[PDB]
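In structure tokens, the next block holds one chain alone, the form deposited in one PDB entry.
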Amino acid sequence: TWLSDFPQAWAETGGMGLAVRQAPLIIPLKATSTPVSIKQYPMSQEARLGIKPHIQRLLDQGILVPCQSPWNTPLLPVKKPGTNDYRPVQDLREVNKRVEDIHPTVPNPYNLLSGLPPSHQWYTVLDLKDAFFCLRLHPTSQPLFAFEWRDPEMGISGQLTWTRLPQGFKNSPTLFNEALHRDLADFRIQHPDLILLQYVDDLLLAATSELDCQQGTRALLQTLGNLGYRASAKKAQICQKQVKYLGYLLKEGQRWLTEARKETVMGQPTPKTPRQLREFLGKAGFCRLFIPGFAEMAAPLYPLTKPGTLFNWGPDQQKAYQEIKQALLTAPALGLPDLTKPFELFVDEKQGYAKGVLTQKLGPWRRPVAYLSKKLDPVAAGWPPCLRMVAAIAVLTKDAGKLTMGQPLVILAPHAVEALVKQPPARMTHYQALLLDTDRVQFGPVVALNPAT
């Protein structure tokens, strides 16, 4: 029934989108930027025949228009990982380098989920289909994105150009972020209670109760409807407690991991080549935050990553692989942090490796915010025990300076070391400034933390 109520917001019924608020935008060029023309690279018979149906339907939507421009880049098909659809890719390699650089105001995935509070339990995730195509392109800057296309079947040759912001452009996520932010800035004012989370094009609205989410949903569908943006009804988790966003599961105000992601890590067989291990370490690097002390767990596999070495899969290596497989099976539920609160950093060391959990108050309990782990730099790892803790607290607190958004936090440790920092019997002076900053750093009561949790 949701599709019926808002015909102006859904892509399956609303048709093509168009930003009716944003003006046409001129894409600037650096001093040495010149209209480089590259001939269309040879393409296979079936390949061309794969993109060809898309061009016909992209012509109907008005996305592709004939033009005569000095700029020209070779089109390139990329077949999907499954079946064969031959998606069209502009391959704007050369033009991407040359276009004037603009700062990437995009929000980093670490910090978006930090803004979600556990109080807002009802979620509604809306995808924005053809997001980059919403913004219109100025006819002065339209000649920039022309690409040579040949279609002898319909006799349509020449260089089609984009009247909207194309994909594969370096400024597209940035130009769309600011453009979308201004339109939704007025919406946030009208509904202070709702929490709107935006990642490039994906928007997530957080509300207190279910009705608020429903009411927010309806209002958002209409605000975006007037603005021209079209939302995908095929993939839109609306008024559901369990939603998936930013590759994470948001259940009961917590950050879980997708079960499909866990299967992939365990699914892979024992790696046999440095490329095989690189795929596994990078894939499981995403899930490093859920596995406390993962750095120590995946310690044996790190030296095997070096380009010059022998890939000897010893029993110790197999033991490290098995630990990660078993660790991901019973991964806990990391809670969502709360900026409007203090943090408690628990630090510990053993054998040159630093490990700890950043936590915040949730009811009477402590909820983990992130599991932080780093290796101690050689000179520090070599020190005796009761000062290796100083370096341990330092590197972990450094990681905090990326999730706490600069909010003040308290540090507790089994050994009182603040007085040692003041009078340690260059780098230490750098350590002194960071550790002694009472505005952001504080030393709490001495206590011993759980060996495992």
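Residue numbers count along the first chain shown, from 1. So that the term is clear: the rigid core is the largest set of C-alpha atoms that superpose within 1.5 Å between two forms. Compared with the form deposited in another entry:
- In a core superposition between these two forms, the Cα of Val78 is the only one among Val265, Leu196, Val78, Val106 shifting by 2 Å or more.
- A displacement of 2 angstroms or greater separates the C-alpha positions of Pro88 between these two forms, with the rigid core held in common.
- When the rigid core is held fixed, the Cα atom of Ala419 travels 2 angstroms or more between these two forms.
- Shown in the overlay between these two forms, fitted on the rigid core, is a CA shift at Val410 of 2 Å or greater.
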The other form holds:
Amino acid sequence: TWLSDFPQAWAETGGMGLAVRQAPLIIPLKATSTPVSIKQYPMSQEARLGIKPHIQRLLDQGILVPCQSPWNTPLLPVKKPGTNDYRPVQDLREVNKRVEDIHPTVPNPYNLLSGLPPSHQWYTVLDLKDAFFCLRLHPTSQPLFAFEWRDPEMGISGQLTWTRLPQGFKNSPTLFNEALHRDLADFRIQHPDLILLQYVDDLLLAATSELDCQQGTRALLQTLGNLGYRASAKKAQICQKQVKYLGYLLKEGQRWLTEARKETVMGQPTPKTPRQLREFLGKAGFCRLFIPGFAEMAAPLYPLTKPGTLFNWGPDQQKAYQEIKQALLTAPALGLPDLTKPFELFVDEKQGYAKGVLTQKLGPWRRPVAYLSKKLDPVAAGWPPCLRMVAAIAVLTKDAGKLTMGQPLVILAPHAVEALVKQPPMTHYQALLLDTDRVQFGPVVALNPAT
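Shown: the form deposited in one PDB entry; wanted: the form deposited in another entry:
No partners, no molecules, just the chain.
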């Protein structure tokens, strides 16, 4: 029923939209920018046929118009993971080189989820289709982007510049966010109660009750419809408790882990080459935040990957492989951090590997927020056990800042090295750990090995 109510917001009905609000944007050029051109790199047969329908559709939409320009960079058919969509993305190496560099403002995924409070339990994930294509390009800067496309069936041979901002331009992901930002910025003024998360092209609306989400969704669709953006309706989780966002499951206000992801890590067999082990470690490392003591658990595997080492798979590496396989099977449910309440961090350090868990109060219990673990630097590796914990706190305390948003937490560790920092038996560590505004030490107490 949602499709009928907002014909001007869905991409299936509205189609190729237009950024009516923002004006055409001039792409500035570097001080030494001089025209450059290169013959289009011959494209593969199947890859050539993949882009051809899009060029026809882009020509109809007005995105691509025939032109003659001195700038001509080839087109790249980036096959989609699903089948081979071969999106028409320009190589744009030269243009990126010739064009200026501007300050970026894209939010890193490790923070967006930090802003979500557990109070808002109802979610609404909206994805803007053709997001980059919405912003118009001034005709003066249109000649900057061009490519040679000749099809005898079409009957037109030459350069086809882009009237919008295409994919690949190194500053495209920045301008869209900036431009889309102000648009949704006023929406928050109209609806302060709601909590809308603006990704690069994915909008997630969080509300308190079911009715609040419904009211916001209708208002959000109308605002985006007027603004010209069009959202795909095929994949749009609306008024559902279980939603998928930023690669993370969101249920009961907990940053769960998708079951499909867990299968991929365990599904791979035992690696036999450094490439195979890197693939595994890459999959594993995305889930470091759930596995307690990830640094020490996967310590053996690290030197096996070492660039100049031999892949003589060791029994310790096997034991290390099994630990990761079993650790991911029973990964806990990390809760969404609530910025209003204070944080709590447990710190432990055994055998030169720092481990800990970031937790927050949940009723009478503490709920884990993120598991922090790091390899201590070689200089601190040889320190005595009393001094090693001080370095472990500093390493983990730096990690907590990337998640707590600078808010203070309770540094809890078994030993009482908090007084040791004042009178060590290092000046940088003192400033980081003695800042009462950002860090403090609570009652000294041990912690469970699992935590």
